[PDB]
Structure formats: structure tokens, C-alpha cells
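One chain follows as C-alpha cells, the form deposited in one PDB entry.
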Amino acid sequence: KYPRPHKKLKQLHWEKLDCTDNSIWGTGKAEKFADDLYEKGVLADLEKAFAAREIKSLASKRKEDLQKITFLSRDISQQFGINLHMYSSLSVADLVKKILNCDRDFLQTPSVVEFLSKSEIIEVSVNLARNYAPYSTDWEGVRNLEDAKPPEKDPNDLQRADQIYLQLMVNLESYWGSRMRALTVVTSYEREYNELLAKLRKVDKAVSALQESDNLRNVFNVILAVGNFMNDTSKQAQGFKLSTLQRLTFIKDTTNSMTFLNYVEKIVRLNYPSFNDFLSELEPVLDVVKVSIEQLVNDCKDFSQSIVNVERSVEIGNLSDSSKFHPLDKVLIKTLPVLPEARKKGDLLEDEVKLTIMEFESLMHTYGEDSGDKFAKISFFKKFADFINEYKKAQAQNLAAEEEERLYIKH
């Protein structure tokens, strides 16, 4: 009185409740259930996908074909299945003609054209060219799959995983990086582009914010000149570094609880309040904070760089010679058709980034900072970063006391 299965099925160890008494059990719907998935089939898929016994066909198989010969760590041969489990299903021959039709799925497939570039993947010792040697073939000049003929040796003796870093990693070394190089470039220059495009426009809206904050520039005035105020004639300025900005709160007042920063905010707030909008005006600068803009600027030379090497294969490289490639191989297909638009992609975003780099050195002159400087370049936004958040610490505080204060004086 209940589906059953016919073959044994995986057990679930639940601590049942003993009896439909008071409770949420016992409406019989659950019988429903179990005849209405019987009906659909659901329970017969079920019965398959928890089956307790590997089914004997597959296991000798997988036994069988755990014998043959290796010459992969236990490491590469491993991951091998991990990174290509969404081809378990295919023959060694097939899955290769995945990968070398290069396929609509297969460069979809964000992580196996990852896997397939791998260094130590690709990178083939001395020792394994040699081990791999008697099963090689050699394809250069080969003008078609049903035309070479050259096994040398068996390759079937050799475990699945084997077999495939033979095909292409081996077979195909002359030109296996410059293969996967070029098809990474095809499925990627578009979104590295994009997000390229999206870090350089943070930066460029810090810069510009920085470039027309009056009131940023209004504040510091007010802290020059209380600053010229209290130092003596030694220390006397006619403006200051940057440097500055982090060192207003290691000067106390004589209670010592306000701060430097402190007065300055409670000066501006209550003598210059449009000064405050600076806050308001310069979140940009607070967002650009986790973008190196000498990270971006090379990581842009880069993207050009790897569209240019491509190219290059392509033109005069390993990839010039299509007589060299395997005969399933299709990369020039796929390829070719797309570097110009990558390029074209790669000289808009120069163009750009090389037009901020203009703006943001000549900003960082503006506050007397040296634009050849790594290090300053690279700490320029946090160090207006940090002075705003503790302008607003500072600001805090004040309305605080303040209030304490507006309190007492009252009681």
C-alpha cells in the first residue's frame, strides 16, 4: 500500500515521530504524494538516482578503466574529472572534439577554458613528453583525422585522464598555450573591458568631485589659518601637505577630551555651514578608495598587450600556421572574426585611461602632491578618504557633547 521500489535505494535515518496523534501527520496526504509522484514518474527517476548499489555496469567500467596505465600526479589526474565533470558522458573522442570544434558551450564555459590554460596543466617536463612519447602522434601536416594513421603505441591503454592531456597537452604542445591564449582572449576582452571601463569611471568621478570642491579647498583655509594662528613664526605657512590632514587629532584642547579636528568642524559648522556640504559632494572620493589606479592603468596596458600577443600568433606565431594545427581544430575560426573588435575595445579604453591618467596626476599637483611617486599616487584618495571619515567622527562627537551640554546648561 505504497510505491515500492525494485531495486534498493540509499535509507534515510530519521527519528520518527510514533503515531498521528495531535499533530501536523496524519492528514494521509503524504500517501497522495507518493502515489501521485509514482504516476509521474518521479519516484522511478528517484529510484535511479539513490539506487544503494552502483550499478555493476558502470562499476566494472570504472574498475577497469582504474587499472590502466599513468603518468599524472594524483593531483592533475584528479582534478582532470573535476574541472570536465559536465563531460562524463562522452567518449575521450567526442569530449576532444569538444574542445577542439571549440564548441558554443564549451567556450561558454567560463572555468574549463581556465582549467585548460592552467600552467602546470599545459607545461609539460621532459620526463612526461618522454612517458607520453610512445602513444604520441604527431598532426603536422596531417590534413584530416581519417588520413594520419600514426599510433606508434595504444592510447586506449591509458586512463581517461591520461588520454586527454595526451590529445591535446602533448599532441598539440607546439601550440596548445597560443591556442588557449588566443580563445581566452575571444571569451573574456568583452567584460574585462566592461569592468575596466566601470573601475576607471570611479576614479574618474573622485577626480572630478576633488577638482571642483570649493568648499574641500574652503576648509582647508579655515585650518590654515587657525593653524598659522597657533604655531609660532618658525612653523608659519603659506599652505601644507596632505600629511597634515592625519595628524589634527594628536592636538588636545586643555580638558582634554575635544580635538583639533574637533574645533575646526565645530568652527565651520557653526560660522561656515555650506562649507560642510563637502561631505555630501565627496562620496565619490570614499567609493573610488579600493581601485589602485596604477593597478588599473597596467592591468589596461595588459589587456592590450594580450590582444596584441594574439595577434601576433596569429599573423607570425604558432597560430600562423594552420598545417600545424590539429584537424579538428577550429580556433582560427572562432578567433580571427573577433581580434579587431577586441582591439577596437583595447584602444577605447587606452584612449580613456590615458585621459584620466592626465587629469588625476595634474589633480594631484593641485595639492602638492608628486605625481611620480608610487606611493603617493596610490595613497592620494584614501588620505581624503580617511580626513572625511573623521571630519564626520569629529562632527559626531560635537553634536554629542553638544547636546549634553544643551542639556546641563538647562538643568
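Positions refer to the first chain, counted from 1. Compared with the form deposited in another entry:
- Assigning each C-alpha to the better-fitting of the two rigid parts between these two forms places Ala34 and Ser119 apart.
Can you swap the form deposited in one PDB entry for the form deposited in another entry?
Below you will find a single chain and nothing else.
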């Protein structure tokens, strides 16, 4: 019974009320204005005015990559188009050249280097490979583009994101891993060296501060002293372990106004304030409290042995037979140029870490930490740190408390 327009109109997405029951709708008023405003002219324009204009639709060219085959999990197909997002505009092939042909724009951005050598991206399953065989290649011998060419079952039926996975993680499978471990070293070894060696100095030049700080040593000596004077016969001792440090703070005085560590501090500064240098000398130790020293090493054993392995590969396998190297894979033209000096610094760090660890384990053996006990091996520094600050704190408390003990002294 309602009046209606000739062309589509701008819809009024409202939320209808269902039951009319005892509303305001139901008295049919709605129906009067209905025709009324139609004959009275009105709707005629309301029509013309809110005429919903047409809606264009395009894109397509990248839409259809939908219809084409895909053996790759949305995630992956996605996290390709994510990092290979700068190569957007390049065709499925243009791009692969730029990659095998190790450009200076590709190798520069690690985001892409790292991606392409991601275990999760490299490793192809039989269940996977199979799906890609009817489109693969061998490059055994092949020294030109047009040669190989046995498409057999055509690759164009795959989604763009799918194709790359093919011409790269599949078709150059055999060596892609190492090819990448190489190109990486190429692109990384530099900083990825300075970075460690420095990480290594922040140790060596704190382990140093500890070596020699007759100061520190003395302070302990002063504690051992007061210790023995306090402890009883059965508890006397020609020396103690660091594990003692943290329980200095508990030993309160009588009037719980003093933390034993206070006296110890007060005592130095007012009989030997020629020692409160340890609280200056030894900071470099704080500059490495959380350093996983047992994994700093290993990161270094990783550095060298990684190179010592892009090496092994250039010769005895993987990266030798320039035959499988898809004609263009300009990796060697890029690896070798640097493989030399790289390895140099690979043996450098080694030396350094030799020179360092052994040293370190020595300072530890000193206070009694067994260079061979995961724990002290690292939880070492922390106790020196902990002590210091527990001390740099007792110092404060004491140096301030000693202020208040001047005014309530003068006034």
C-alpha cells in the first residue's frame, strides 16, 4: 500500500521497534503523511534530493591473485607481503632477480635479510614440497635463464605470494639455508663484532676494577675483623664467602637504629676514609650486573664458528657448485669479497674471549667462587653490586643521620 520511488534512495539505517502494542505507531498516522506528502508534491523532490548515486568498483588486478592456487597459510602468504612490502610494485620475477642478484637495497635492510633466513620460512616439508614439484626446477648445470624451462605443470596458477616461496625456498632449496647464513654474515659480521667486543670490554673493565682495588679487599678485611671479634670461638674464621654480604643488613644494633652495615661504613670513613674509593672505583661492575656472562661467551663462540662455517660451505659443499646457483645468485660475487677479513676478526674475538674468560674465572676462584658452578659463574657480580648499594645506602643513612645529630645538638 506504500508509495515508492523510481530510482534507489539514500537509506535511513534505523533500528525498528517491533511490537506496536501501546506505542504511537499503530494509530496509522504514519499512513496519512504517507500518501499525503506524495500528492502534496513533497516526496517527488525528497526523491530527487536523496537519490543514491551510483557506486564505482575497481582494483581487480590484485583481487584475482585470490582465484589462483595457494598452498601457503594465510599467515605466511601474509608475512611475505609484509617484509617484501617494498618490492610491492615489482612483478613476481622482477623482484626475485633483485634478490638473487643481491642488490645493495635488499642487503641493506636486515628486516628482509632476517626474514628470508627465518627457519619457519626456509624449511619445506615433503607434504609441502610435493605440492610444488609440478612447477619446480633443477638448475643442475643450467647457465642461462631460458635453458631449464621445463614448466611441465605451470606456476602461474599460484598466488603471487605463493610463487616467491617457490622460485626461492623451493627451487634453490638445496643451498638457500647456507646462501642466507652467508649473505647475512656478509651484511652483519661488521657491527655484529664491535657489538660483542664492547659487550666483552664492559666485563673486562670491571673484572679489572675488582682485580685491583686494594681498597675493597681491605674493607672486607675490616669486616672479617669485627666479625671474629663478635663471633665466638667455634665461629672464628680466616676468611669468608660473598654469600656473607647480603646478611650484614640483618644484624641490627641494640636500639635498632643501626644496620651492622652502617657501623662497618661509619668505621671505615672515620678511621680509614682512605677506602671509600671502592665506591667509585668499582662502579664499572654495576655497569654489567645483569650481563649473562655465560652467554656473552657463547654469543662469541657463535660469531666466529658461524663464519668458520660460511667458510666450510664455500668449499666442501652447499656453496661450491656454482651450477645450482640459479644463474643470477650473485652471492659468491658478494660473499668472498668479505669472507677474508670477516674470519680474521672471528679468530680475533676468540683470542680475546680466551684472554678474558680465563682471567675472569681467576678473579672468581679468588673469593672462592668455582669457575665451574653455573651460579657463582654469573650471580657473582650481583653480590658485589648488591653489597655496594646496600653500602652506598648505609653510607647515606649514616651521612644524613649524622646531620640530624648536629642540630638537635646545637638547637
